[PDB]
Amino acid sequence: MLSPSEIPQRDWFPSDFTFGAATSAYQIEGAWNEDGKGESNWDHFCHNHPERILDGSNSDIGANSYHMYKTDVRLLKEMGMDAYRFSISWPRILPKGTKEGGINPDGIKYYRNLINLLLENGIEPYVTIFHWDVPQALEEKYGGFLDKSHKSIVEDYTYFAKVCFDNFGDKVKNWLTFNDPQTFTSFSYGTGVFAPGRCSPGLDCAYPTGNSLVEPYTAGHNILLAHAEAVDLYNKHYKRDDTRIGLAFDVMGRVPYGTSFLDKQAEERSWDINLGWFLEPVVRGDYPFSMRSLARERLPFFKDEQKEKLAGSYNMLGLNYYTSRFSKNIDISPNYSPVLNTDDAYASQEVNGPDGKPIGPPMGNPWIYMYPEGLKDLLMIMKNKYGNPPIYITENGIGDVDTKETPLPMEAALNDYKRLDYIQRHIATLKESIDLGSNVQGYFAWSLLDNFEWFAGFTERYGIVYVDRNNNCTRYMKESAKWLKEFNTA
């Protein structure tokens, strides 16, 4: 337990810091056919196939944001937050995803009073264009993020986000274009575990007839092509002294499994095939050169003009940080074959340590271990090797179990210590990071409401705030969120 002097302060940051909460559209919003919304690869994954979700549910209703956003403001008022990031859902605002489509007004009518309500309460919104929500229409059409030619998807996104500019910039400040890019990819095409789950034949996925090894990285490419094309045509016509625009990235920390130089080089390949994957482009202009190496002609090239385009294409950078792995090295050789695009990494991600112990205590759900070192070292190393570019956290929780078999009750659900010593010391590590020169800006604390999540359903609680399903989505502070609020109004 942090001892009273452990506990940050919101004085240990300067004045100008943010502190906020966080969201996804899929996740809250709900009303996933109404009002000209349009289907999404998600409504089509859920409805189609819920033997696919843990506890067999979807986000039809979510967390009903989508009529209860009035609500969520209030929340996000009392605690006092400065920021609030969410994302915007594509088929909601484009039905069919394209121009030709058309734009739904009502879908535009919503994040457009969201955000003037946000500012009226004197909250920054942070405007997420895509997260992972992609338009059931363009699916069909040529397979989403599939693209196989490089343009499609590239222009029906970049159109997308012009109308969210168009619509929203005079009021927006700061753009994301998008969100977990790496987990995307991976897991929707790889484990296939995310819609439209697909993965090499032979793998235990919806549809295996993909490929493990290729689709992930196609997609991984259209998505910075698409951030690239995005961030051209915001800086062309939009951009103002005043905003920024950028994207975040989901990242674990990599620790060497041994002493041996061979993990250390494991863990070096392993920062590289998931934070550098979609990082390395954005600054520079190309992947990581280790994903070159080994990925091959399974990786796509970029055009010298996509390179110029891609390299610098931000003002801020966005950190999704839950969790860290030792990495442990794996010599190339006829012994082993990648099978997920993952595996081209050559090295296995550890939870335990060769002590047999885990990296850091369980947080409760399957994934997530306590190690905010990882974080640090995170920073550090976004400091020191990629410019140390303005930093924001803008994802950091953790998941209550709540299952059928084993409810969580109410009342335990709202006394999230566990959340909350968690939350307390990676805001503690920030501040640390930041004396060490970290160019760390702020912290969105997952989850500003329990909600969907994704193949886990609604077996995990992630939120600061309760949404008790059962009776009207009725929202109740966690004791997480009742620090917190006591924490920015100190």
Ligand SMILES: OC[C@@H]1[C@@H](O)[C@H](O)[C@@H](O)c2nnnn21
Contents of the next structure:
2 protein chains.
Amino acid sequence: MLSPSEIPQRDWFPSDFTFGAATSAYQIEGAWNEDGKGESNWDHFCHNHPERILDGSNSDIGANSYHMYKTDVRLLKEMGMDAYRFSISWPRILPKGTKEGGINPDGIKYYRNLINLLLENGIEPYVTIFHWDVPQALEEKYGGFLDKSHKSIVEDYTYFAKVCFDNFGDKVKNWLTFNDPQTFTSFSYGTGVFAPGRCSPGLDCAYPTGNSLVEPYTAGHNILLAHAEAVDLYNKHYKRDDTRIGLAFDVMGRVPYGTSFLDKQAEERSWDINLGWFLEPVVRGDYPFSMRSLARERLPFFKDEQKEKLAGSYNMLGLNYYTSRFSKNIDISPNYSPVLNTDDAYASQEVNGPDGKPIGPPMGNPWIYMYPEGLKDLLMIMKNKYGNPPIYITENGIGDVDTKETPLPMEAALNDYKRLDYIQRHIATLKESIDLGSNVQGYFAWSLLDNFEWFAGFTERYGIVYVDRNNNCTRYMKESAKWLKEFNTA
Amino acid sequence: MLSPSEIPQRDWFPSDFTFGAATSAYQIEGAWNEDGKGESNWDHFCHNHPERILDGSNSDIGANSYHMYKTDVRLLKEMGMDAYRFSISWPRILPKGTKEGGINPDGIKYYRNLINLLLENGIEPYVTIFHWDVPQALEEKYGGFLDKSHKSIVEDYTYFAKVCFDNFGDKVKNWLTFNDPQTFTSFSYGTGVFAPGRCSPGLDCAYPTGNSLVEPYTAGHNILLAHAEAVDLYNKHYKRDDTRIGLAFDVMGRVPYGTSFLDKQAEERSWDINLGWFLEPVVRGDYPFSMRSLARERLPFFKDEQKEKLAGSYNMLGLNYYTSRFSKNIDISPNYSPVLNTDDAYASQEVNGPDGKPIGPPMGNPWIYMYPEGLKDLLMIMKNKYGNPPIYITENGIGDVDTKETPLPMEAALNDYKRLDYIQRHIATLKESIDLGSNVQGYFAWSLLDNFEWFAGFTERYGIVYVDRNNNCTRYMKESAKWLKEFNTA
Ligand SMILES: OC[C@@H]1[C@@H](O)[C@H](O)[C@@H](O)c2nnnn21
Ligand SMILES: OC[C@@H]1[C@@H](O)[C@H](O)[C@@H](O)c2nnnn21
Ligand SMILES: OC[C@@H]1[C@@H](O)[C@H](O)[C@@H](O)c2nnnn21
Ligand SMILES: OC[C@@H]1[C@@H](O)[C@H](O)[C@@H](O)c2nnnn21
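Starting from the form solved without the ligand, produce the coordinates for the form solved in complex with the ligand.
Full assembly next; the chain just shown is listed first.
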């Protein structure tokens, strides 16, 4: 519903600016036990706990992109995308997760063929090493990223990254070590809505025998140690002058709930716990002060050698931006006690401001509210506080609800003008942000394809391309994809 | 040192703006054991521990203002001062510190006569109820402001305030319950340089059997409870349309040491622990979040009733401003624990910036560096963050060093061009601050009179009027005083 002169055009942006789409391995690949692939944490969680997926489903098939990857590339090419963000399945490459367990050559051939095909079609691969799919072998051996020794997972992740660099590094110039460390740790070990489904006693998850105040910080610490080890390896033995490594953060914009200075403080604590938790370690080598003061002993300390490896451990940064929240102060008092790790921010995160209105229009699912102004706020924080590094918006989109009780007619799914409007408004925000001096360099639509949306199952469709599961995952371009084609190829 | 067009003029300010000078009872009065007056904490400290005073002195005589108050008023009148800020000696009024012990009629009569003399000369009294002189009887009974009951000291202070309102309130329209709660608690119970001289075991004070991490907060909590109760009493039974009550805070300006956001965070924590510690309770009903997060259990909680009495418990506020520091970050770490309560800010306070130069030129004594910009910064914080309430600069001045090893010749002491330049520059800053929207309404030069400068004894002269103690405490106007007379009466 933007007027014609407000619709973004490709020539608003630099010639070397990048437009792409994004997927992740567990969400699209299927072929969960084919050609030597080992079980993952998510295979295990979905198979043993279908009650913890909203529609009882799994990603045994997904979008069948293991078998249908060629048509994925054709879609990207037809839309004139500059790049494709996808992830590598750790267990597909290393079925037992370790060096000892062996490299799976069919796993390697799959990603090799995908990468070469993208490149022969003029499409740049942006490769996520880890997008939440831990080999179940490692989960059973030492709990994966829960590894209390801060050694085994770091070595096993580092070797995995090495295998990717050896086998794909000659063709891949853009790596991201981790995707959404914050969501992964908080949801897997805090609320337990993600595999393996752990949380404190008294809380509603599959395994209420963890600790929602400690385990998320343990896993987060292991993620940062792993990231720093992998980047140290990459810089020393793999990086060339035109290649880049980083990681991608999930981030909601934060706006103070009211005019009180207390809500400004709340807002700052909220940026810190969401983004700062992982950003500040890679920028300066330690967690934010606020988190140290509030989580205290539950947040591990780094060795000085590890801080050195952490500080400056990126050439670029990914931001996965979807929505924003109002941050409202909570005082420290004997009547409040944190239950979840995210409660350490002493701030409630509200959809509705003091007027009772949502921060922006609802996009249809339980959590996405359209607030492009938050993207601008975030890019200005990256510019003015964190050194203005090269930024890619590695995910941005909405999920159309499609359930057994309230089906989404294919016709309505394809006429996705709500998604299109949302994409247009966020892209236009990026131009406004560039004009203000943001070092943002690209934008990736989250979801080339309708796919398995984690604990939501297939109840939400995020694709710019529809996937008919009743057929054989046949792909049809939605209106959003048709505009992106027009946009890129004018 | 200011050029002619830069020297402030009286018509730079509104016609109802207030220029004055300031003293305190223990510092000027003398007559320490006369006319029924009870012993105070400072009598006890100086007499029993002369080794803790730099020149071994006491204020048995002070500037002899108990006997010489008439010439104090004559001096104020000659200078055209609109107002005089002085304090009431708790033990001069209530020798045992309680209702039980009785009111001392000669004490009442003294302050009655001073107040009446000031008013018939057209000088408005600004009366500080407590400027650090606790009746020693209360110190011996329950530790004074250390009272772990949070009850006895509150009742005794509130009764003291009631006696002041009952006996002087018909003539006094401007009351300050407390002077420098931060300095008083930190120096009395943290570093122990002030009476009664308490600090943690291992530290250099007269009685290293306290707790520098706890006692200052206990004392601070009792001060705030006493303030709230006295103001509640005042509002209910004594306040009129044209009268006002508040308190006065010591505050150094804070500037980030470097360009790093970490030093901006350190700067904020420093404002919080210096100013916010006592300001935020009277503004909103609780301590700053940063202090609760860092001091934790060492900082007591308020009852809901107490929070309600505290919030908005002022019609005006005093700021005692002399200097500023650079605030430099200190990370939370296993290799650092606070020793003094002020270490809870996790910031070092530096005189010299990263270029090795001082924040501003030294004024002569150990701690005062001239930085009038810091006053403007402080006034903008009061304006923008804390509601822009009516503000009086209730102290501003410098101390001229005068010692047995390096005497200050009387002529050099009277030609106090360094003091005059400092006073002129800060009054100029107030003009600039008012145009920027500050609700500042007056300025009081600290020290009508050369007086007893606490642990420094008589080694520092802060007067605009010189006091010759080798004669009969005879007063001579310095050049600062002469310029102020010209400024006020031109
Ligand atoms: O999968 C659920 C999604 C995550 O993908 C996002 O990272 C997260 O910010 C969010 N908030 N609520 N639900 N979610
Ligand atoms: O929830 C929608 C998408 C998920 O599908 C992605 O896997 C995840 O990386 C992400 N983070 N923020 N929101 N998302
Ligand atoms: O004596 C030292 C002086 C005290 O006497 C002042 O009253 C106090 O506010 C201050 N802070 N820094 N140094 N001091
Ligand atoms: O140290 C100089 C003066 C003391 O003489 C005053 O008693 C005190 O109220 C104050 N606070 N700030 N600086 N000072």
